[PDB]
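Given as structure tokens, the chain that follows is alone and in the form deposited in one PDB entry.
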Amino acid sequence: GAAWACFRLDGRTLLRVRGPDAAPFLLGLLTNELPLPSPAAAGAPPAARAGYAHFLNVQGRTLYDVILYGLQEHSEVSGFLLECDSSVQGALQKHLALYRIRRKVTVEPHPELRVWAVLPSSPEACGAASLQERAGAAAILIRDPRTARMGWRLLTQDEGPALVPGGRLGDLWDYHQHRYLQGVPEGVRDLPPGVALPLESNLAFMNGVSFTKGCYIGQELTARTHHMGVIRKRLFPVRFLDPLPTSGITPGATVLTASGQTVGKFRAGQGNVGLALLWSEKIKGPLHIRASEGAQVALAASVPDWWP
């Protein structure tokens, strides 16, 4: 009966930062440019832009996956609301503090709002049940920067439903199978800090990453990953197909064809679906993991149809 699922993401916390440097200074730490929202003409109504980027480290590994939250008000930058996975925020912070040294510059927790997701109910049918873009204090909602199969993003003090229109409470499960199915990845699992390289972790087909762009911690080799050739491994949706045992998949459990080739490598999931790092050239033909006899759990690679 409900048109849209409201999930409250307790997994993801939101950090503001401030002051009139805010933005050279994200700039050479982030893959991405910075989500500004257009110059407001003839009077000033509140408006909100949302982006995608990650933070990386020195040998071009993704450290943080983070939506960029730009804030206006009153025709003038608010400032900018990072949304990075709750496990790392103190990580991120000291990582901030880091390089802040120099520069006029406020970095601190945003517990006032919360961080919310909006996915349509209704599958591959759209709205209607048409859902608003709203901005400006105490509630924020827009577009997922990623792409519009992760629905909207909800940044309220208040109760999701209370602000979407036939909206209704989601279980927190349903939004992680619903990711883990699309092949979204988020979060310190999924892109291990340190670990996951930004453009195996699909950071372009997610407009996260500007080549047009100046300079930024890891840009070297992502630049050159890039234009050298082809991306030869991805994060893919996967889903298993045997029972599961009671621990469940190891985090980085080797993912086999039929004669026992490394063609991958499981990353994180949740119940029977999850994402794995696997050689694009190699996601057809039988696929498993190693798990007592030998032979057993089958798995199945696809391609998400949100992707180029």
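Positions refer to the first chain, counted from 1. Think of the rigid core as the biggest set of C-alphas that the two forms share within 1.5 Å after superposition. What changes on going to the form deposited in another entry:
- Rigid-core fit between these two forms: of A223, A148, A97, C126, the one residue whose Cα shifts 2 angstroms or more is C126.
- Core-superposed comparison between these two forms: the C-alpha position of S78 differs by no less than 2 Å.
- Once the rigid core is used as the reference frame, the Cα position of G28 differs between these two forms by less than 2 Å.
- The two forms, fitted on the rigid core, differ between these two forms by 2 Å or more at the CA of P45.
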The other form holds:
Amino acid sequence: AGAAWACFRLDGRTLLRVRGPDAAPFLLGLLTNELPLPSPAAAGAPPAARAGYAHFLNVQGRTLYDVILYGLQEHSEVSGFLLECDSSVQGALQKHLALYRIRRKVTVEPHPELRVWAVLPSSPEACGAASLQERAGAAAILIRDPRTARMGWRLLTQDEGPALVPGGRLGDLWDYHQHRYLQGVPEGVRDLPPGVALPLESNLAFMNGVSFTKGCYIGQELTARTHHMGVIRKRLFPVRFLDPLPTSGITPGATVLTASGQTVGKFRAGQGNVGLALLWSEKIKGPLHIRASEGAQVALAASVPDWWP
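Could you output the structure for the form deposited in another entry, given that the previous block was the form deposited in one PDB entry?
Partners and other molecules have been left off, which leaves just the chain.
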């Protein structure tokens, strides 16, 4: 097992380009976070690029779309950003952006030629992880995942990932999603159903995705109220199914139960024997299970990610 990095082509994610003199205030009014912006050119022109995490919320304060924002270098009157969204919502996100671009000097275009890749360390110790990007060069747009270091690097490229990453092999996309679920990282519309998922229950603050010191944005009121009312009472947690599973798997929405039969949450989504569940943030320790169709149990275990604060 000789490759130090696994390189995954994320066909479920895609890029939109948002550019124009008004691109920043335009996006800031629609997202939960500040936008990524690198320090200005200093004594030359090295590749200073940053990523940020945010959600687009609806007016009820529910998450619509989870996005990663990338700062484009424009060096001129026009701001520019790449927005990475779930491929299945690209069109709905475009219509959502258009609703708000009346009297805004901004254009929104798909950038289908640049593909989204993820680069995960094969071993968590990651000697040499520190030097990967300087050790990859300016050919590779390789940026630390803004949600957590546990998610490795985003690589935006037209090329093949391993051709740019020293020690990198192509990975099986199954293993990328397995890693997400083991680490408790939600991504995309199954984990975050548009208009149903709630951002702070989806651990947005733990993932560097919300600012409580920014100006107005859609959904800000509910989100701020929830944050300031006290500890969040339900969150998405990683779960592991302990016994061999049905052939269909587990139905999204299935009730998670204590040994007493008390409801403590609902299964959200997963792959294989791992997934996420929306649970009360108390009482994730007790023995938990879901009821199969006979009522026969599927056991499961919930845990607390090690990168959470």
